[PDB]
Amino acid sequence: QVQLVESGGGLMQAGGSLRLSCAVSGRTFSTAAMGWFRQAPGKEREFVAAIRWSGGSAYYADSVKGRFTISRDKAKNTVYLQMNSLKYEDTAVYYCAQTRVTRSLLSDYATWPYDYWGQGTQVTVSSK
Amino acid sequence: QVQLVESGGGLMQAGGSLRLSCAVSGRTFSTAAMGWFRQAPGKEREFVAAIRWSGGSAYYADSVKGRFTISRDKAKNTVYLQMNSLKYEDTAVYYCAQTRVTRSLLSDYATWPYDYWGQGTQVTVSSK
Amino acid sequence: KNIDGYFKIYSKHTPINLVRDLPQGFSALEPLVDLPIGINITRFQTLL
Amino acid sequence: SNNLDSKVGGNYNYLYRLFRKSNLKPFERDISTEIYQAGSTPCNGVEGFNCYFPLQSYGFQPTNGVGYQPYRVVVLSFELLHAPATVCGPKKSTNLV
Ligand SMILES: *[C@@H]1O[C@H](CO)[C@@H](O)[C@H](O)[C@H]1NC(C)=O
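Residue numbers (PDB author numbering), protein chains in the order written: chain X, 1 to 128; chain Y, 1 to 128; chain C, 195 to 242; chain A, 438 to 534.
Examples of chain Y residues lying across from chain A (beta carbon under 8 Å, computed):
| no. | residue |
| --- | --- |
| 1 | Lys43 |
| 2 | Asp62 |
| 3 | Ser63 |
Computed cross-link-like contacts, DSS-like style, restricted to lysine-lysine with a CA-CA straight-line distance of at most 25 Å:
| no. | chain 1 | residue 1 | chain 2 | residue 2 |
| --- | --- | --- | --- | --- |
| 4 | Y | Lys87 | Y | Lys65 |
| 5 | Y | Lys43 | Y | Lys65 |
| 6 | Y | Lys43 | Y | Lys87 |
| 7 | Y | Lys43 | A | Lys444 |
| 8 | Y | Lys65 | A | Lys444 |
| 9 | Y | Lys87 | A | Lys444 |
| 10 | X | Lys128 | X | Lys65 |
In case anyone wonders, no lab produced these hints; they're calculated from the structure. Each residue gets a CB set at the ideal place from its N, CA and C atoms; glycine is no exception.
Could you build the full structure based on these sequences and the hints that come with them?
Structure representation (structure tokens):
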């Protein structure tokens with residue numbers, strides 16, 4: 001059992017920056033990898049970024065690559081999403097997720113069902 | 001060289017019975033043991049039951065044990081699979097198989113590559 | 195003694211009345227402890 | 438050990454090494470978690486293309502196929518050395534006459 005709490009969402013102008021946090025509580029020794037997903041109103045959920053808990057290595061979807069940085073603090077039990085150069089497409093509800101599952105191929109974490117989800121935090125990108 | 005022809009598959013309700021036959025033709029003096037295997041759509045092949053041609057002793061996988069009876073007719077050159085108390089999991093294509101190989105440990109026949117295969121017969125177990 | 199990888203301990207307790215001089219007497223030491231160690235021993239130190 | 442090492446949702450506590458530069462020697466134990474360099478590019482402890490984590494979990498669910506169900510295995514290896522044989526069998530007695 002773990003519970004996930006997102007924070008740091010809100011309004012920002014296109015070309016600007018935002019920092020999402022997600023705090024893990026419960027059986028945290030069981031975290032293998034973490035992910036961020038997003039879902040705009042009326043369109044399906046979409047993988048954003050994943051990080052392996054040991055090692056810290058990151059996988060990103062093509063739409064965010066070079067704009068977004070996933071990172072973790074093992075000590076503080078928290079995953080971060082540094083969103084820079086915000087765009088139209090970024091507007092959505094963002095969910096963090098945890099899996100207890102070790103996959104060799106980091107890319108697996110794009111498609112692999114996660115074990116627990118946050119309630120979500122809203123991001124909204126203003127029109128110039 | 002031998003050829004194997006399964007028969008007696010089809011539709012039956014869960015908790016009911018079915019009898020698969022498999023007729024051996026070709027160099028039948030060469031049969032050491034026979035086996036039944038099954039394969040549901042989209043899952044890997046699975047060992048069901050084996051019989052030693054001389055002696056008639058039977059080995060069964062745990063999933064069918066006490067529900068299924070393997071038996072042989074040396075004279076008529078045919079192996080039978082008596083499927084009783086049919087369940088969800090039983091639904092699959094069933095294959096009979098022959099090996100010309102004598103193994104001391106009957107259990108070997110669960111894991112040991114057989115020499116020839118039938119085309120297969122479909123079994124389907126209705127929902128109550 | 196350590197022979198064939200067996201540590202062999204032989205022991206006796208006798209009441210004595212001499213402080214400095216090693217007491218003169220005949221005693222036989224009965225075996226008590228045999229250890230299947232197979233450990234090479236070329237040195238040792240006493241613990242007080 | 439399906440009854441013990443499987444649970445609803447899948448037990449992923451049991452792992453296995455998926456990649457290695459060479460085969461193991463008899464009774465060799467490799468517990469390293471070094472990022473496997475599949476290609477010519479050094480990984481420098483960073484996963485990515487041709488840079489994989491060497492280990493991977495087992496999917497142990499109670500509903501899994503017997504082939505994929507967990508099995509507990511103990512291998513007994515009998516050391517014989519130039520040292521006293523200390524592991525012996527029971528050597529059963531008979532009545533005295
Ligand atoms: C004990 O010491 C000798 C001399 O060094 C050596 O040849 C022998 O291999 C040693 N045996 C053990 C038990 O290590």
